[PDB]
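Next up: a single chain in structure tokens, the form solved without this ligand.
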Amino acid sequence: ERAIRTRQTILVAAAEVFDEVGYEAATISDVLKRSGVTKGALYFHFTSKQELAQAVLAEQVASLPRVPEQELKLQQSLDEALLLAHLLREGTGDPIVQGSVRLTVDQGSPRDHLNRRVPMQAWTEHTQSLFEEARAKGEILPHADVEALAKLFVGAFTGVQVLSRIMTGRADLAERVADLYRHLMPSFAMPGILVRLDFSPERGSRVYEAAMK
């Protein structure tokens, strides 16, 4: 068990380094200094900065805390989005998801062998799973393209987050994520599921409080 704890001490250190200076500018020593583990300690778990970065990308979907199982399936999606918004904002929520976001958004190069496809594909299928469930519980309009909507939400979320970083340091992210869902859902969500959805910041906070405890 002393191996699985020290690997996470490495991964968080790498992600922390990657968040602040990007994949390019970061060195293996940067990650080594932050983690405060030995050269050989590192070498057991990760062979290279690439292998490090790929792993922090790989644990982006599994990293996000899952909310208590909601009765309305679209509300789960709404709550998850506003949780992720609160997680990125205050920071102290999660350290991996920040650097893993920056690793995915950063353009980089084909010469660096990062696979930004993995955290983005797996994120889309997860969003598709919820929308596929919500359809089985009859929450979405009869002829909606569940696949195109997953891609759209996964896209739009990334960019609403990008803008919110630039303009306000993510201070308004809650309001903007809420805005995205408040405007996107009238197109595919059943009317009446629309009146039943809880957009308020007061509710979304009471999910951030509950996820920690």
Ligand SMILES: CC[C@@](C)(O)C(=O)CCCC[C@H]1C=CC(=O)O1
Second form
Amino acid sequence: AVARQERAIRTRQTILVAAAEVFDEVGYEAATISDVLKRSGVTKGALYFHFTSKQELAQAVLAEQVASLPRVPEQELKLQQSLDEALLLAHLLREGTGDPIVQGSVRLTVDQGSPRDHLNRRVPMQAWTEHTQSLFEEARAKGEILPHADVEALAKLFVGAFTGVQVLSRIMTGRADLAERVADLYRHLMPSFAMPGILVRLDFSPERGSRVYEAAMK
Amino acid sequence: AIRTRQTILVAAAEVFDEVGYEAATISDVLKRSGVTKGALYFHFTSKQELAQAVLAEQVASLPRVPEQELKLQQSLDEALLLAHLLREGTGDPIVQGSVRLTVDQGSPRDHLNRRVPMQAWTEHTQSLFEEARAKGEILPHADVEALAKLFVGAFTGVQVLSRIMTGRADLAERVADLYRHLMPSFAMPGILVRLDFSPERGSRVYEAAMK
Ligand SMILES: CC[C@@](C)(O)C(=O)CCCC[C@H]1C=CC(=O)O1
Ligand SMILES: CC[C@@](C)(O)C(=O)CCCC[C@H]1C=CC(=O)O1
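In place of the form solved without this ligand, the structure of the form solved in complex with this ligand is requested.
Now the full complex is given, and it begins with the chain already shown.
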């Protein structure tokens, strides 16, 4: 029983990682259960214990998007935390290795599909919006945000802007410039709402990005 | 014949919007455009060539906003116009489908070059920011290329989020938020206050652009 549940945990992750990969490579519609079976090396029995259909598997990779980012060390500035997360996500989307679910999950999110596929792409977008607003809320309690800033509007701006920065970067450089583009984004958004005292202390450097990455990989 | 090429282009874009590139067919396009097989094949050899042309026509499809002395306003006018056109469709029936073709990842096997509209938007936005900079609307040494990339990128994402969350119902608000929040990082003194974000202005811009 104890061993059965440990196997169940590991098997689900194995499926999710393999499924995200095939969804990344070929998209939702062209992907098959067979592709995922070939990639994971799990049995057909194992896959159906965890997921009911391709659709429900796709939904799960969508739903695990936010939970996929390694949690950054809890720190002094909440807006530095947001920057650290965004730059880590930029690294994870270019490299893939540190989190093999995100690339595929983002592709499923951003591909339009149709109402016919019954995928709920709002799921990860809502979760990122909540994630981001929550961090702004904590930043505001810690005196990091200007008075009368709309933290919901701001959260929606950050999620949307990040998404499109990602898209443009994917198209133009295959995400090679993504960390630089994300840094640029944060440098031009933060001045509208971050307390000036916080703004001078924020660290946008690839060296800090590198250290956060090295830390998150344990 | 040029108008027949456009009728086909509009129909192809709408078909690409509805069902995507892979699922779409010449037969869908012919049904939608109501042109003969001969008319289509004179202008395009394949679905692939059709897709490349609606991708290519993206920037040019955007109706020209009236020239403005405040160049930042001109950009805002364009941004809010494009928001409006992406939400409704009727004033630029090409753009919805062209955007889906740009944003959908597809595969390197499809021979579609998504770089073409993105490069064109970047050069367009860069030119405006050069004019803005020279007229003293933005910081004299602002990296106008990086800003263009930032604006094209951020707009695309705001668009994508709005489509997913509201079907683009909130797009104009979200684009306004984008411009309002990016501007203080690089605008010259007294410029941000001069900008007009109102939907009444947006409406006047829309009308003039169609005329
Ligand atoms: C702004 C930075 C951060 C960490 O707080 C996010 O909310 C990340 C948003 C990621 C959204 C994801 C969905 C589509 C896409 O391209 O990326
Ligand atoms: C920033 C405002 C503007 C007018 O100057 C643009 O460049 C618009 C960029 C349009 C990009 C297009 C591709 C995907 C998408 O969602 O929209």
